[PDB]
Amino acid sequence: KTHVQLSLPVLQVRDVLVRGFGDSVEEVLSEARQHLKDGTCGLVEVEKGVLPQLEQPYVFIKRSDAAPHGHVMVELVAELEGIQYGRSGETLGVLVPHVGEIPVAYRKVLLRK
């Protein structure tokens, strides 16, 4: 399928144990997609002070369309030193590995895969 319905655990930035997916734009997009498939991907909602507490490159989920079955359609955009790889809509948050942190909420998304 080109799209997969996922329920992503929303984590507080100060709870996150593994603060990024790796060391290149290509690796972080790769790792993000693998963790999304494996159910081991969390979401941090971006506000003032969040991104400096996380590791670059960043992987964002961004709204790709204007919401089948309650699931917002999203795609992945990476960022490294202020350059983004991808073009999409509004940021829903930044993806991180999930290693058992307790979430504050779940975000239903339809992920372009």
Given for the second form:
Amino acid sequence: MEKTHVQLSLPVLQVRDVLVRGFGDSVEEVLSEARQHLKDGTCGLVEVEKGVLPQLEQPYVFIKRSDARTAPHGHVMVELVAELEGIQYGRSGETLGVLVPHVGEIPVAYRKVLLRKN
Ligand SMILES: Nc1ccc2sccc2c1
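Taking the form deposited without ligand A1H0G as the starting point, write out the structure of the form deposited with ligand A1H0G bound.
Following is the full complex, with the preceding chain placed first.
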């Protein structure tokens, strides 16, 4: 049925190219839509630099590194943590980026992850 982890290659997008700048309007919604878009292959990743977060829509969904030992074929193990008004629901490791819908924008790279589905 549903393995706990799935290997994915996510398109990395520059923030100014992103057309849909968040997944929804609550913490529960953004996590739910992030997971659906991951399942459908319509999820992109924006790497965080200065000025990136203010250009995206809260609540944010981050992918964070969940394990230090495991990266099969560079698929870094990650889990999802959401943020609303400065509070994060969950705790994990280093932030690898912020997830956004992908609607056909051209990426600058692909990031390989081993995603904890829940
Ligand atoms: N195949 C696939 C890819 C990503 C995700 S996220 C939750 C379920 C799921 C399934």
